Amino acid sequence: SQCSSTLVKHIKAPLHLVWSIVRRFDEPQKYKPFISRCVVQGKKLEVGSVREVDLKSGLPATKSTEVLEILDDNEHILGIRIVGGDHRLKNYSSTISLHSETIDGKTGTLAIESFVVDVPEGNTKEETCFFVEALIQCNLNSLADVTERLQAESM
């Protein structure tokens, strides 16, 4: 009836740098490959700020409206809830927490993204949820590439 799943990604870059990008609720296109532009109505980073995402051309969907639900600069957590948009996903919530770990002897970040979303009418978990897992996996993969180029650029 509803599907929750958790995606994990190891990143070869320092936590503060990774947070610096993740934390931008007004700039998801920073690393999310399917976003074209983003507009935040109100003060960009408060809990309750709505954003209006425009996806890129030639994808199944074109727009998404999302609400920032948690931004914790302390425990490094970011929660959103999608609330509208032509993708037709219903009741989607997603949290990304960021933990400090050590990868290949140097400092690194674990990304943990959880999400919950209703399985559409007439379709099974087995048909649907691997698409949502894929998108996020892709989103995290891109965060890694982006952050690591940034951490490499610093040298």
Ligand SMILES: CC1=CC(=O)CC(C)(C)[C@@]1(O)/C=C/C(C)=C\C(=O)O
Second form
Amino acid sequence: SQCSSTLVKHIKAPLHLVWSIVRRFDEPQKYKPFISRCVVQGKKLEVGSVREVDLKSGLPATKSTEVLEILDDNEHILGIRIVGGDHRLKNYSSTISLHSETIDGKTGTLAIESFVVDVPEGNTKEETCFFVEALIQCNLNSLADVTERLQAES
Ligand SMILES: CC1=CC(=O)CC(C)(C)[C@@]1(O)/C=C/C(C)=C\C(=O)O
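For comparison with the form deposited without the named molecule, provide the form deposited with the named molecule bound.
All chains and molecules follow, beginning with the one already shown.
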């Protein structure tokens, strides 16, 4: 019926720097490398906000409509739920959380992202769910790059 997983990333960057971009429900293309454009009306960063995401050409999907479910600026948790679009993900929801970790007298961030999604009557737990891991891992990878790049500038 459903299928779920958690992806993890060690980032060589301070938490607030990482959170300052993860917390922009309105500008996910800062780091999500498959998004081309994001539009959000009303109160931009507030539980209930809605983004219309445009995806770069040559993707299986072209459009996605997502809703901000959790935003914890004090605990560093952003939770979202995908509600419409071209893709085959149904009842997708994910939560990305951030945690302080010092590895080598080097202060950094640990990003943890869990999702739950429905699996089409057609496909399998593996088929549908591996696709999303790979995607999220791509996103987290890019979050580490973008994040570590800014660090090197400041
Ligand atoms: C890149 C892309 C391709 C799809 O086929 C589904 C969808 C359009 C939702 C997606 O944005 C998937 C986004 C995912 C899985 C996590 C996220 O975005 O944080």
